[PDB]
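S.K.: The primary structure of each chain is shown beneath.
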Amino acid sequence: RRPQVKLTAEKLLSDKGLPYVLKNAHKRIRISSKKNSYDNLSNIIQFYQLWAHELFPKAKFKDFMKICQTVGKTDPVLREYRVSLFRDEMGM
Amino acid sequence: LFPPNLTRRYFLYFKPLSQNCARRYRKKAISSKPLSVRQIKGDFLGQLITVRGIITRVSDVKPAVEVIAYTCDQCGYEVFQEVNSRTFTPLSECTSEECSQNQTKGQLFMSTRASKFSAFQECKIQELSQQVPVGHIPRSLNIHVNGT
DNA sequence: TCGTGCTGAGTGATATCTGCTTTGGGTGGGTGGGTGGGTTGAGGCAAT
DNA sequence: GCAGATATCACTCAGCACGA
Ligand SMILES: [Zn+2]
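Chains A and B, in that order, give the protein sequences. In terms of my numbering, the first sequence has 75 at position 75, counting the first letter as 1, and numbering is strictly consecutive. In terms of my numbering, the second sequence has 137 at position 137, counting the first letter as 1, and numbering is strictly consecutive.
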């Protein structure tokens with residue numbers, strides 16, 4: 001009767017998602033030599049889990065990562081953009 | 001957004017029409033006219049009436065819930081349910097637009113810190129010895145008291 | 001070296017279904033009602 | 001009319017082999 005919510009390229013490419021990550025990802029995340037490795041890993045996973053929950057509350061963190069892997073493998077439009085970001089850096 | 005009754009913090013009560021006012025302006029007062037538990041029949045249901053009698057039982061003040069507040073552990077959204085009967089069925093799944101667009105099966109959990117309560121008392125009123133007809137026993141009428 | 005159409009498999013939501021009493025007992029009542037029923041006997045203690 | 005326990009059917013997804 002109702003199509004299942006699914007992590008499509010459209011949601012990822014929306015303002016919330018990859019654009020949000022590129023906007024503010026280095027400022028919030030911070031790996032410090034003084035702090036232990038566990039704390040830095042916790043901080044990184046803390047940022048990414050919050051972003052995923054804001055974007056895709058449906059799936060847990062590990063499931064979100066696996067779905068992201070599959071989508072990146074499949075979707076061509078996602079590949080287009082992923083190549084594009086790298087291309088801009090080569091330009092820079 | 002939220003039900004209107006939730007924000008209300010006042011209680012509205014009606015004062016009957018005194019006999020002096022009714023006679024002053026050429027009218028008959030039905031509400032103020034005292035009655036007895038015997039005369040309160042089914043025809044008076046849904047009206048404002050006065051009853052004269054002696055209280056024979058009172059209960060301890062208890063909180064009667066009027067608006068229940070729930071919290072979704074996923075959305076962060078609160079769901080308010082009005083209760084206007086002697087019994088109600090608690091909500092289980094979130095109905096927020098967030099749980100709808102994402103179709104997440106978030107669970108609602110009751111939170112008594114945000115609900116609305118009103119003091120409740122149940123009493124009994126009985127007829128005086130001057131109102132019981134010969135050969136009849138006194139009757140009792142339940143009274144519900146809410147608010148202040 | 002690899003991309004995609006076909007398939008079995010397994011949940012999700014939804015269809016029918018049974019059930020909607022239940023129960024012996026006074027901190028479940030009598031505005032829930034008797035076509036839902038409850039039928040002791042000895043022993044201890046206050047009053048005198 | 002109402003809540004709960006139960007079983008039914010339909011739809012969609014990850015693997016597989018082949019052909020490009
Ligand atoms: Zn919710």
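If you're looking for bench data, these hints aren't it; they were derived computationally from the structure. Backbone N, C-alpha and C define an ideal beta-carbon position, used for all residues, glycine too. Among these hints, one or two may not hold up.
Claimed, not checked - Have a look at the derived ranges for each label pair, beta carbon to beta carbon:
#	chain 1	residue 1	chain 2	residue 2	range
1	A	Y20	B	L6	51 to 61 Å
2	A	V5	B	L141	50 to 60 Å
3	A	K27	B	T148	53 to 63 Å
4	A	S84	B	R8	22 to 32 Å
5	B	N146	A	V21	36 to 46 Å
6	A	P3	B	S92	17 to 27 Å
7	B	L6	A	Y38	39 to 49 Å
8	B	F88	A	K62	37 to 47 Å
9	A	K6	B	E78	41 to 51 Å
To be verified - Below, a sample of chain A positions facing chain B; criterion: calculated Cβ distance under 10 Å:
#	residue
10	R28
11	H53
12	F56
13	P57
Unchecked claim - So these bits of chain B aren't anywhere near chain A, every CB distance computed over 12 Å:
#	residue
14	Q47
15	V58
16	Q74
17	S85
18	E98
19	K105
20	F117
S.K.: Within 50 to 60 Å or not, the Cβ separation of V5(A) and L141(B)?
M.R.: Roughly 57 Å apart at Cβ, these two residues keep to the hinted range, so it holds.
S.K.: Should the hint that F56(A) touches chain B count as held when the rule is a Cβ pair under 10 Å?
M.R.: Interface hint status for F56(A): holds (8 Å vs cutoff 10 Å).
S.K.: Can we confirm that no CB of chain A comes within 12 Å of the CB of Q47(B)?
M.R.: holds (50 Å)
S.K.: Given a hint of 41 to 51 Å, does the C-beta separation of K6(A) and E78(B) actually sit inside it?
M.R.: Violated: the Cβ-Cβ distance is about 28 Å, outside 41 to 51 Å.
S.K.: Take the C-beta atom of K27(A) and the C-beta atom of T148(B), compute their distance, and say whether it sits inside 53 to 63 Å.
M.R.: holds (55 Å)
S.K.: Would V58(B) pass as off the interface with chain A, using Cβ distances and a cut of 12 Å?
M.R.: Correct as stated: the minimum Cβ-Cβ distance to chain A is 51 Å, above 12 Å.
S.K.: So the hint says 22 to 32 Å: do the beta-carbon atoms of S84(A) and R8(B) match that?
M.R.: violated (56 Å)
S.K.: Should the hint that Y20(A) and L6(B) are 51 to 61 Å apart at their CB atoms be regarded as holding?
M.R.: Taking Cβ atoms as reference, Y20(A) and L6(B) lie about 35 Å apart, which means the hint is violated.
S.K.: Mind verifying the non-interface call on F117(B)? Its CB should be farther than 12 Å from each CB in chain A.
M.R.: holds (32 Å)
S.K.: Over 12 Å from every CB of chain A: does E98(B) meet that, or does the non-interface label fail?
M.R.: violated (8 Å)
S.K.: Double-check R28(A) for me: the hint is only fine if its C-beta lies closer than 10 Å to a C-beta in chain B.
M.R.: violated (20 Å)
S.K.: Given a hinted range of 37 to 47 Å, is it respected by the beta-carbon distance of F88(B) and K62(A)?
M.R.: Given about 39 Å between the Cβ atoms, the range holds.
Going through the hint list in order, the structure does not satisfy hints 1, 4, 5, 9, 10, 16, 18, 19.
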